[PDB]
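Only one chain is given next, in structure tokens, and it is the form deposited without this ligand.
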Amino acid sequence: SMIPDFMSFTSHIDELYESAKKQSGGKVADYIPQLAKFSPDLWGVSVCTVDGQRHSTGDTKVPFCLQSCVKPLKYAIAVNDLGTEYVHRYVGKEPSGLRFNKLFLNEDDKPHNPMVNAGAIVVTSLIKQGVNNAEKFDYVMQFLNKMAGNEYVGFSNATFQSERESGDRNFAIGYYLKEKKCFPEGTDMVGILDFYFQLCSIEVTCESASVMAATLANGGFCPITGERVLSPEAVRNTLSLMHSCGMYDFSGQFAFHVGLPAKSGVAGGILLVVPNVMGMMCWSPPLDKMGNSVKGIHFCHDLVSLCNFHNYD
């Protein structure tokens, strides 16, 4: 209970929101039309406490693609169904670059961690093995529905189509992983890439995503349904890797000044988690050099300076 009075806190969220609104820097991702379309002025913040209390300000009901934000979510699912040991048999846990700047794999021929494309691609191949992509996709959709307490969870076919058609780097990664036997026996690599592109194209709203974050903040229990969605083990692992590998190269600076588990996405979203307190989703298309939403980064630094949510405060 670091939030004795929700109303007053809500009032502070609005002030912070308003302050970050003045930050107009950054560039909206434009490698595909579906991302370039977005207005640089879209800005929204949704909060969902461990209690189930809600608060939204700004453009919180405009759908956008999770993109990389889906990474910790599918990682959580894999750990939930397969266990920590099995999953990390295929992907690493190291947050460092190590001496592996832009390398698809580490010295042991394993993706560095679940938060980079190579890792997410490997994780994607571990979920619900043995069924067609249609079934795998439905499986994860149901899962995301539970995390969001049945709130908005859609799909962008146009993003999926464009992401796949222009994802040369991901295909390069897919073939290299095949070279090094990084997938489980009998994996259809190209088929896995399709599933990966689809997952990146799943849509949410600031409001529904915040519930997803709140579930991770509530030990794996959806705050608005009470249902156990993810195992404690899955949640703890996800938060650890989000804390260390979730904000691209800004992770170091982010962990030092913000000290919270988070995962950004090229659509401008930032899934934020305040363990045992609340889940949050900040969204604003304009990204900085590192690929993180400018307004989002600003907002997070401000949230911690004001409410002292840093893990080591």
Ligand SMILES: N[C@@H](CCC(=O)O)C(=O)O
Contents of the next structure:
4 protein chains.
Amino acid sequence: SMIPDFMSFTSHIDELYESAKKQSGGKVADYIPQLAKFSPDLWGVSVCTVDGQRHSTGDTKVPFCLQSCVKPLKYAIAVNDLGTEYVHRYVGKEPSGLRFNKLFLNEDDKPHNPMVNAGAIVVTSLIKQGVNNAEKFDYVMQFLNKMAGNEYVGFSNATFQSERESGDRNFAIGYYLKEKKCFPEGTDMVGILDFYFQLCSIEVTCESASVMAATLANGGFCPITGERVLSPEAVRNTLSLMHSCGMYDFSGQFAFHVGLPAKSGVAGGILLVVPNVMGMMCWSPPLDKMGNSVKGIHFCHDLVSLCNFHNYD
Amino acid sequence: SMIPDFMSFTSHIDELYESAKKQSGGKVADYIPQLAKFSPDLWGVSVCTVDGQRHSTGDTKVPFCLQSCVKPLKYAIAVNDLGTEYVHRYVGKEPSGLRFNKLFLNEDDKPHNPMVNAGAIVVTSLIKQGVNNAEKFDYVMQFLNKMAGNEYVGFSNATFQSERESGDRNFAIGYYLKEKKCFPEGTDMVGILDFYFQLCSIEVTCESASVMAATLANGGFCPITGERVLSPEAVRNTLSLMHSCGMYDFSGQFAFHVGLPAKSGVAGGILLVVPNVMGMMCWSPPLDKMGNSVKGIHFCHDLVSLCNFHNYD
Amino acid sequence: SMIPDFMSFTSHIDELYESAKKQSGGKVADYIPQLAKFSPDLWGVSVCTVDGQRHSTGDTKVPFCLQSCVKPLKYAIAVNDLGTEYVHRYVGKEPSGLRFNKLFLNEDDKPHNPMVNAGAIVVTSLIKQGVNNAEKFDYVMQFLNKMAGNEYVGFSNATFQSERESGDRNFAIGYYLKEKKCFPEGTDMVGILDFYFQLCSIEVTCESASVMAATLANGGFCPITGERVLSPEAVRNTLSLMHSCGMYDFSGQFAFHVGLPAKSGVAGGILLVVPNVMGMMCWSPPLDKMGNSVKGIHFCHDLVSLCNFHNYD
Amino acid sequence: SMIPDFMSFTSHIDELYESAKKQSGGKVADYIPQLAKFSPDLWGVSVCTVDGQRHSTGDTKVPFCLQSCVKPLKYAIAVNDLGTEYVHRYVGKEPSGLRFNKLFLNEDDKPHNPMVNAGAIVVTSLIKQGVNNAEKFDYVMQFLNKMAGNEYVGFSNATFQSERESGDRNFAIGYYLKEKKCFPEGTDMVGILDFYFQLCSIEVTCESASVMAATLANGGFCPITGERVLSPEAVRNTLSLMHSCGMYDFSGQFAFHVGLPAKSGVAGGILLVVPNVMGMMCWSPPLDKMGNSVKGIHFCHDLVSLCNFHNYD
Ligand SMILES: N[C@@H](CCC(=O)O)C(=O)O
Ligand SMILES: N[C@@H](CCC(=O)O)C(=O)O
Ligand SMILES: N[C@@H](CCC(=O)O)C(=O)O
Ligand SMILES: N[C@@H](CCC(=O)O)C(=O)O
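So the form deposited without this ligand is up there; where is the form deposited with this ligand bound?
Now the full complex is given, and it begins with the chain already shown.
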């Protein structure tokens, strides 16, 4: 309980929100129309404590796609159902670019970590094996519903259709992983890519996503339902990798100055977790060179400076 | 206070110690005679809580050189005296090998981080500039005395002499850094290398070093004297980088499975920090492929599994 | 005329052939059944001078697929029809792995050179644009007939079918090239890959292929028909790149010790050219670590030592 | 004899010279004062056929330092005296940057080739081992006198002094090579660097250097004295490597468009060899991004287009 008075803290959240609001730099992702449509002025921040206490400011009810923010979530599901040992038989745990800038695989022919595309694609192939794609999708949707305590969790068909149609790089990754036998025996690679595109197209709001983050911050228990959603093992692994691989090539500077587990997405979202304290979702479409939401990054740095939430504070 | 009963915990430390004792693999460093002399069976573990409570098992009073274990300590001193902004004007904060396996510098012509040789050499050039080497050395020795609450802090002249005489790679690094103007204006590169070799040759015991670690775990206050030795800023930065760059190329697997800030050295030492709980020093000469003490690594994994000290537990 | 007496030279060719015959190391390619079927003892060498004089020894009438040996040939066709400037607008001319080990593209997002798969795939997309694949294939077949002075030029449907079905890496390359807009406007990437697989599946004999090589050695004029098949520009460019990029990662050692333009293939063939003297085709299924025919490599080194054919002799 | 009439050819050389004279781009090297002093308008071209016929235009009698142009010459001396096998026991033959951009050594801990600094430094350590530096220097000076048929061969003490004083990168290379045991047993690395700096400081004129090149073009026999200076083996190896590694990172484009063995230097010189025809030395201080003389590069491209001297023409 580093927050003696929730109300006062709420008052500081609004100030930080207001401050980040002035930051207008960045560029809204436009590789597909569904992302290009978004207004650069959309900006929201939702908070959900381990207590179940809530607070939102800004555009917190406008749905947007998780995109890469879904990576830690599906990695968590895989570990929850299969265990650490099995999952990392197919994907690495290294946060570095070691000496593999852009390579789809490391020297052991394994994706570097679950937080980059090649790794997410492999993780996607491990979940609920043996059933059709429709059944796999429903399975993950239910899982996300629990993580979000039944709050907003939708799907963007337009994003899915455009993502699949212009995802040449992801298809290149898929064929290379097939080349190196990176998938479990009997995997339909193309079918796995569709499932991958679908997962990136799942929609949330800052409010529902903040609850998902709060669940990770609460050892795997949903703060607003009390249900155990993920195993302690799944949560710990997910946080470790979000800490070191969740903010693209900015992970290093982020880990040093912010020191919190987080995961960004091209839609402008930033899933932030403050272990044993709260979960958060910051969202603002304009992205910086690294691909991280400009307002989100600013807010995160300010939040840690003010409240001393850094893991090593 | 994750340790309700110190005595019971002490009892578990002995069991873990005993367990790691069976691990006999590894190779004692032998690039110089001063390291080759050490018996592979030397094994000690000292603990010093934020309280000031102590406990040792094994060879905890046999002096050994800090070697790379001194890197976070001198980085801490630099930040303490110069501030974060200035220090990182000369050295990076990236834990990755990004795409620089073995390179002495990153694309910006800066050492990757304070935890690799090139970075340590640059950091060494920033401390107490303007005075002779003898004065710089005395300054750091006093600083280490405070960190250790006046316990054992010596110096190995034989190691220093051999380190300097066979350190061709460090001299190559020194001339390259000079090439790229990596040092502050007016630096005597060769003189900086001597100071660097001297720092690596400083001796400690598991007992004194554990107190140094406890000081880092206690926000910069020495647990057995109550004195403020390092600024909060220095401690936080040091821990962040020990977490991501302190265990050579094993940092990734270490961060994932152990989740604690640590720094190893070729003498077989492992400076371990459990934020707000305790500081530790594990020592055993036999090193694994990565250059980390075999017994130390084993002990660290066991300690986290048993006591749930992982940052994200 | 470095060959005063053709008959005596013919006698030396048989000795070299006999010598290489003792070299039995290597492994027959087996990624597909059509290559795995081949006997490791098949060994033939055909020679065709700029004069039109012929000579064969060994298994010179057993058809085998050109595979990568077709790369310089189709590159020659492209330049012949489009000119140097246009072709290299899509592919590089660098023989080095510069700092791109295995990368499909260089820093300018262009395949390194026409002699590696990504480059061959792009070159394939430039030939006879606007017509259907069947028409493109017939066009190249006619071109090869001329180069071979109407001698054996067939097609292996089984190889084509297997190559396409197991070519995951080539499909990964195709999608990446599409990602980076490497193909001319309006290219059907998948359709280009089929054409690429078909070209690799074209069959020849040592005898017909030697004539193709002789055509390159004769400034673009077929030695046995007198017809101008390729422009002087096409021949010069092709030879330059065969010299520096035609023997996989062995190109460097090959260029130094043999000094002749050549191109190997996984079927065990080695298209060798001795400028203004003769063309040759060596064939033996067993390949070395680099992917080059063991007997072929041995024969090439011996040929240069004995007859002093090295470009700088 | 691709030059039926020397006089007419001489007339074309003047036209090409005049044409390149208009090219004024580039920057005179200025890392040391001795290079910075040179006027950007100095431009000369000397030719010396295998016959012994001469021709000069422009500033052909102004002395300038060989710098890197000396690399192939000292490599030739080493092979001449020690043989191919021994020399390449210490240095590679690969022209590529393979996957070693800037690295001082390849995966086998050997310099990539004799044409880059690390390789030149190692080659320098193999010549006339066992005698003092003064004796080694005199030995090479005599060798160069023979190669130049006793024409201008001097020494720049000022360049030597400045080269050694600011050569931090070369000293870094020297200590790294020592680290990896790259030198023959008992080598005084620092003493080798001085010898290396001295060799780079040897002076020539376009006229004397053209004779050195003519000697390489004439199988190792000096065109104006008839004496055998280098073994056939030494000449062939030197030309092979000049062809693939003599023009810095431009070697690839140079090999493709010019197709001649050449070696550039930071003083603006370009040692050009036309096998069995002539030797040439082009000189003009202004260098391009790659470090090659702008006028020299232009002249070389024009020379090949006009006279069809390309190895594969
Ligand atoms: N759908 C995008 C997401 C990118 C991102 O969120 O960073 C991809 O697969 O690359
Ligand atoms: N003196 C050694 C220390 C190595 C280590 O502790 O890892 C060096 O400078 O490389
Ligand atoms: N069809 C093979 C040919 C390989 C070779 O000839 O080297 C490929 O496309 O990789
Ligand atoms: N003395 C310079 C010569 C550079 C050059 O000629 O390219 C060096 O050793 O780097």
